[PDB]
Amino acid sequence: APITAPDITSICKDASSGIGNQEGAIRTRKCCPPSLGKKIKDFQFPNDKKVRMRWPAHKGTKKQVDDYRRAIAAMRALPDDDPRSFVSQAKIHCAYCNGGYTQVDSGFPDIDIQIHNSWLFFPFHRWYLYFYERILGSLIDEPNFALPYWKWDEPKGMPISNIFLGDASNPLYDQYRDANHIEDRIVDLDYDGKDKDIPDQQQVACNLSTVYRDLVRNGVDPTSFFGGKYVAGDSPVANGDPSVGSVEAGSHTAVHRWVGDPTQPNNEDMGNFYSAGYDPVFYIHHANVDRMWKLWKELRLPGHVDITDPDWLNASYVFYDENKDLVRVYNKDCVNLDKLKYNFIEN
Amino acid sequence: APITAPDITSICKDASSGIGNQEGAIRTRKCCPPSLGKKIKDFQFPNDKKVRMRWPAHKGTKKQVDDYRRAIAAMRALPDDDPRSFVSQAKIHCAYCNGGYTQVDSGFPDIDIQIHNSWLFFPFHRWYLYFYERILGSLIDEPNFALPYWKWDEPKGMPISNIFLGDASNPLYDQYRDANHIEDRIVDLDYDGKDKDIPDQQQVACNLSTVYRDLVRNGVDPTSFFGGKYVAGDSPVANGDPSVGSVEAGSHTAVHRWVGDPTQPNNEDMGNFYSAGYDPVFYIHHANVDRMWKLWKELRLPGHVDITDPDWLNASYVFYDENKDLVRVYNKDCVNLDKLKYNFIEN
Amino acid sequence: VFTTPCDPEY
Amino acid sequence: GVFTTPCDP
Ligand SMILES: [Cu+2]
Ligand SMILES: [Cu+2]
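So the protein sequences, as listed, match chains A, B, C and D.
Residue numbers for the first sequence follow the working numbering, beginning at 56 and rising by one.
Residue numbers for the second sequence follow the working numbering, beginning at 56 and rising by one.
Residue numbers for the third sequence follow the working numbering, beginning at 71 and rising by one.
Residue numbers for the fourth sequence follow the working numbering, beginning at 17 and rising by one.
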């Protein structure tokens with residue numbers, strides 16, 4: 056049986072899993088979504104007239120950057136318990152990654168849902184971003200709004216984009232980042248807890264090699280790329296488990312570890328799931344992770360196919376959309392980007 | 056049916072395939088081996104008490120370098136018609152690569168044998184080197200003699216070793232090299248006939264990318280790594296054919312082109328099969344090609360398995376050994392390096 | 071899909 | 017090993 060989120064507005068508890076120092080935690084653990092008297096309805100495919108084209112964060116036009124920054128400012132200006140707010144969108148990650156929900160709807164009320172460290176990783180985050188993006192666009196009345204993506208698989212895209220930098224007068228800024236690493240700027244996709252001390256050009260080459268490692272060397276089939284099988288009745292897979300998919304355990308983990316501020320108790324914000332969404336760059340990094348799924352299918356190599364197992368296809372989550380309606384979404388429905396009415400600007 | 060070398064002392068003809076300018080050739084095309092009255096015997100596995108440990112050309116001990124230089128000197132001083140002589144050993148490559156032998160023993164007396172551009176590439180050169188190494192050791196009474204190998208997969212090993220440089224007073228030297236490239240020192244494993252003019256550290260990265268390309272991205276199964284199926288009745292596969300294996304077409308070809316002297320009519324020595332053996336570095340480059348087969352297996356990836364096709368297993372060649380005996384050797388018997396009593400010093 | 075350090079535009 | 021990449025020191 057597939058993993059199935061419950062009525063998240065009725066069955067939810069404060070996040071308590073996967074956070075080593077909760078007494079000193081700098082962000083909240085009260086991550087449950089707001090109640091608004093809504094009935095959960097099934098997803099319907101979007102009727103957008105145009106396809107949203109996500110843009111490399113180091114190559115944005117003035118309008119693209121200004122719209123993104125203004126949308127995040129609008130999101131920050133919303134009251135916390137508005138489900139479109141900056142805080143509420145961050146809390147989504149905390150709820151689904153740090154033990155907010157259980158498998159009650161599947162007959163396992165005593166087992167939490169975890170969307171990380173398994174084959175749920177790619178589709179969950181694709182859906183999370185799908186609604187996030189459409190919410191941002193609604194806040195500034197831009198119907199073809201698209202997210203930037205951190206194109207760290209291309210050399211000039213590897214430095215963290217200057218749009219995120221400066222100080223707290225910039226809505227895209229977050230004080231809780233590794234200060235040493237922000238000064239270095241070039242993300243280390245192979246980061247393993249120790250700084251490499253190599254020339255910039257070598258770090259660039261290392262990042263390119265790492266992308267091939269995750270997409271080709273280790274991503275040789277759906278199990279190794281998407282991650283291990285995880286179904287109703289299974290306990291949460293631990294962080295670092297070798298059954299985790301190549302991108303999740305590789306470049307994905309590295310960027311979170313690298314940006315997270317080691318002077319904070321849990322390396323907040325990007326350094327723990329529960330706080331990662333308070334850094335605007337969380338979503339923009341993840342937009343390129345989303346893209347890796349697209350690229351991985353395009354390589355046209357043996358084993359690079361999507362999952363056909365019904366217990367994956369029929370797994371579902373619940374999100375608020377830009378109308379503040381509750382929408383249930385299924386893994387099967389996010390495999391085709393054309394039908395989701397977005398893609399990525401490519402060379 | 057398997058390709059089968061004939062009695063090379065009875066059936067042999069001058070090389071006339073794959074040599075663009077024959078009349079200007081600076082090495083001989085009369086590459087047939089001498090007739091000593093020997094009977095061809097089947098290979099017996101060696102009984103060496105110790106495994107010969109091939110050493111990176113840039114990290115040899117004083118004794119390692121001294122022994123190698125002395126053994127090449129001894130080989131150069133042998134009478135020309137000794138099958139162990141410097142020129143005789145180089146002629147082997149010419150005979151097997153440039154049309155010396157036919158498939159008479161396979162029922163095709165008017166079709167040549169070619170060991171290049173097919174799945175015969177790796178095992179033919181493994182045997183060639185096996186006997187070459189044992190011959191060199193015998194000439195100086197070093198029963199545990201091992202060849203150096205050009206470790207161009209390691210940044211420090213990428214420059215051509217100074218043990219090969221200097222002038223004619225050095226036995227390891229060959230005047231027929233690209234003088235501009237020798238000055239550059241750092242080999243380009245991606246060389247395509249035109250200098251890149253990039254920083255040395257970028258060339259190092261490019262080389263590392265090429266090794267990753269040949270061993271992982273392109274060498275995904277036995278067909279794509281070892282090369283195409285070549286059997287009795289087949290005509291010689293052309294240089295550049297899409298069926299040639301990843302290493303042979305890639306890093307291997309690049310090094311030969313890069314070292315070969317373009318002011319010579321056939322880019323002798325390394326720039327053509329028929330002349331490559333007159334450069335001592337030929338064998339030392341090829342020792343690392345041989346090591347690529349080892350590494351490719353050790354990766355433990357899907358598709359990284361040895362060939363089990365009888366038409367490969369039962370293919371055979373004939374060589375003179377250190378005792379001037381004629382030995383027939385089969386592909387099947389060189390897949391296990393422990394049984395051949397050699398390996399490579401690794402980090 | 072990806073540039074390498076061998077490419078002229080790297 | 018198995019072989020060197022730019023990520024190695
Ligand atoms: Cu997540
Ligand atoms: Cu050859």
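Derived by calculation from the structure, the hints in this document are not laboratory data.
Mixed in with the good hints, there may be bad ones.
[To be verified] Covered by chain D, according to a simulated footprint, are these stretches of chain B (three or more residues, beta-carbon under 8 Å): (1) 123-134; (2) 147-157; (3) 265-278.
[Said to hold, decoys possible] Per label pair, the in silico range of CB-to-CB distance: (4) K68/A x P254/B: 55 to 61 Å; (5) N225/A x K251/B: 36 to 42 Å; (6) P198/B x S290/A: 56 to 62 Å.
Even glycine gets a Cβ: it sits at the ideal position worked out from N, Cα and C.
Results for each hint:
no.	hint	in the structure
1	123-134	violated (count 0)
2	147-157	violated (count 0)
3	265-278	holds (count 3)
4	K68/A x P254/B: 55 to 61 Å	56 Å, holds
5	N225/A x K251/B: 36 to 42 Å	41 Å, holds
6	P198/B x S290/A: 56 to 62 Å	60 Å, holds
This entry does not satisfy hints 1 and 2, going by the numbered hints stated previously.
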